[PDB]
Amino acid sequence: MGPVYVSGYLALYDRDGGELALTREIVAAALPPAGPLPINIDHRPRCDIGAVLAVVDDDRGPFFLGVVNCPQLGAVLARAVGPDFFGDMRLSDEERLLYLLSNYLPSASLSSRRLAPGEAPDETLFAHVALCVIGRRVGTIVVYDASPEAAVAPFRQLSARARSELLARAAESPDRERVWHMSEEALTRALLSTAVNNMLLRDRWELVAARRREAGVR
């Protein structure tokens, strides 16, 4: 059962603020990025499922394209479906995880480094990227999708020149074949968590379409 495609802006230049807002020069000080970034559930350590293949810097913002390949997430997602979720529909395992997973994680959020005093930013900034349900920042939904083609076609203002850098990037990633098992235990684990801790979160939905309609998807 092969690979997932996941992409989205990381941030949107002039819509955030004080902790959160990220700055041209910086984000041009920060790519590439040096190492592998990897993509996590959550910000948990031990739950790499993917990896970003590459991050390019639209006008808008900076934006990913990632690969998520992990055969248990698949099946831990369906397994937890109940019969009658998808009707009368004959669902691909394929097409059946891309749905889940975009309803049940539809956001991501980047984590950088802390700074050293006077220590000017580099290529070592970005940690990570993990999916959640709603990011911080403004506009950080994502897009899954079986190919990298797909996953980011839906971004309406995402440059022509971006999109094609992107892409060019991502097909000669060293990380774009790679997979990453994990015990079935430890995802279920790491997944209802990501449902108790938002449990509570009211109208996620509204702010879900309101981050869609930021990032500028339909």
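Positions refer to the first chain, counted from 1. So that the term is clear: the rigid core is the largest set of C-alpha atoms that superpose within 1.5 Å between two forms. First, how it differs from the form deposited in another entry.
- With the two forms fitted on their core, the C-alpha shifts between these two forms stay under 2 Å for all of 143, 98, 133, 125 except 133.
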Second form
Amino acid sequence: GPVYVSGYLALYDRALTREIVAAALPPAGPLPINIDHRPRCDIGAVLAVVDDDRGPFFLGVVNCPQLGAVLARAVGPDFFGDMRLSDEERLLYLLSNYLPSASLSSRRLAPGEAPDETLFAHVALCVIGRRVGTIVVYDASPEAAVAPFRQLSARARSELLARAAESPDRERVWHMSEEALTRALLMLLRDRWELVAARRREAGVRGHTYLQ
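Having looked at the form deposited in one PDB entry, could you now put up the form deposited in another entry?
Only a single chain is listed, so you will not see partners or other molecules.
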């Protein structure tokens, strides 16, 4: 089944000003979600983007049956210990630990060219490494995936769930070959995890299950 992802794509007062985001929303078509900007590597879709006071904020669906297996193999045999967990839960831990950030693709415009509905192309989910994007949260339902962002306005929150519940992409399934996903997902960890823990706290996002 599907799992869900959310985050601020950018923060107005930290590339993206209020004016630009206004000109870009809502997008001219739905935005795919992919791994590290690789096409032929779509795993989901942005169900909605709102223009919250702090920044543009998305809610997305991930739903690629092959993904959990390939992730589980990356991480290798010993990762979960004694823990008794469903496939859904395993994947959420794996997403939370190996794809903890995202990266909006915006079209570079020529000078002279005014931002519009086609500006935003897609949201890459970013594999942990040299460079970490904007922090995201994963969970089993849309409400749970948005819940840790306590600063999200109520206006933007309902609007985002309302929009998301009528996305034509809510029920899709994205199939990926194992070979495709395997290329996508290949000390440097320990360091990057401190950064990610840091950016999580900076963003107000705290948990015990998938977040810390």
